[PDB]
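2 protein chains.
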Amino acid sequence: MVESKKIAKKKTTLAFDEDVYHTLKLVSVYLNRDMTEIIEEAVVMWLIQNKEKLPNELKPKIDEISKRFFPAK
Amino acid sequence: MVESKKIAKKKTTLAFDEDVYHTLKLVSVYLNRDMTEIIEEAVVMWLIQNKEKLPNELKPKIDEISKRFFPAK
Numbered sequence: 001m002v003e004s005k006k007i008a009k010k011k012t013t014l015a016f017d018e019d020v021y022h023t024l025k026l027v028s029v030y031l032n033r034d035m036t037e038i039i040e041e042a043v044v045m046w047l048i049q050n051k052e053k054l055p056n057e058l059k060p061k062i063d064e065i066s067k068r069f070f071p072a073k
Numbered sequence: 001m002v003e004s005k006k007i008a009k010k011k012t013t014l015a016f017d018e019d020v021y022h023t024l025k026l027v028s029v030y031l032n033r034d035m036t037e038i039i040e041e042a043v044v045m046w047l048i049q050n051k052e053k054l055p056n057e058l059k060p061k062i063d064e065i066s067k068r069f070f071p072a073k
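First to last, the protein sequences are chains B and A. Residue numbers are given in the authors' numbering: position 6 of the first sequence equals residue 6, and the series is strictly consecutive. Residue numbers are given in the authors' numbering: position 20 of the second sequence equals residue 20, and the series is strictly consecutive.
Only chain B is shown next, with the shape it has when bound in the complex:
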């Protein structure tokens, strides 16, 4: 919850859709979830799987994650 009875949430805006919206398509269908549920479920899962076990060797890879997430052709 992190609020009282119902889980709190705020309208958050981002700038993407080309890849995220298209990718959200397979995940949404394959995960039977919404682009928000997927992105919001993937986001946390990332931090959770990264932070919770944030290795010293992966530290620099964090850059790879952000610099690779947005590939260029």
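A few of these clues could be false.
No copy is singled out in the list; a pair is fine if it fits within one copy or between any two copies.
Unchecked claim - Cross-link-like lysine-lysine pairs, in silico, DSS-like; alpha carbons within 25 Å at most:
#: 1; residue 1: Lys73; residue 2: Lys59
#: 2; residue 1: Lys61; residue 2: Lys73
#: 3; residue 1: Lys67; residue 2: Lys53
#: 4; residue 1: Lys6; residue 2: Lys59
#: 5; residue 1: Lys53; residue 2: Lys25
#: 6; residue 1: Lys25; residue 2: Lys73
#: 7; residue 1: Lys53; residue 2: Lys5
No lab work stands behind these hints, which were simulated from the structure alone.
Starting from the structure of chain B, add chain A where the hints point.
Just chain A, lined up with the frame of chain B:
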């Protein structure tokens, strides 16, 4: 073509922050990345590492990703 306006990033909104913003706190600090940068770098990174190799045996784990995303109960 209608690129940029059609084939490009679009301002996407999601109703969250309670958990995502709080979680984005460790990631943003540990990753020195803004929430949008992390949520957007995590999203792609998630699909990239998960979707790109979305296994049939992992299907059930997807529930874990959801039930785990909210570590309260």
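Intra- versus inter-subunit Cα pairing at 25 Å for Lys67 with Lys53: The answer is both: 21 Å in one copy and 18 Å across copies each meet 25 Å.
Copy assignment of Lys73 with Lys59, given that the CA separation must stay at most 25 Å: The answer is within: 22 Å in one copy meets 25 Å, while 30 Å across copies does not.
Intra- versus inter-subunit Cα pairing at 25 Å for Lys6 with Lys59: neither (32 Å within a copy, 28 Å between copies)
Copy assignment of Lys25 with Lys73, given that the CA separation must stay at most 25 Å: within (21 Å within a copy, 30 Å between copies)
Copy assignment of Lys61 with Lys73, given that the CA separation must stay at most 25 Å: Intra 17 Å, inter 32 Å, cutoff 25 Å: intra-copy only.
Homomeric proximity label, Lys53 with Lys25: Cα distance no greater than 25 Å: For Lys53 and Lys25, the Cα distance is within 25 Å only across copies (15 Å; inside one copy 28 Å).
Alpha-carbon proximity context of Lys53 and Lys5, limit 25 Å: neither (30 Å within a copy, 37 Å between copies)
In the structure shown, a violation is registered for the earlier hints numbered 4, 7, in ascending order.
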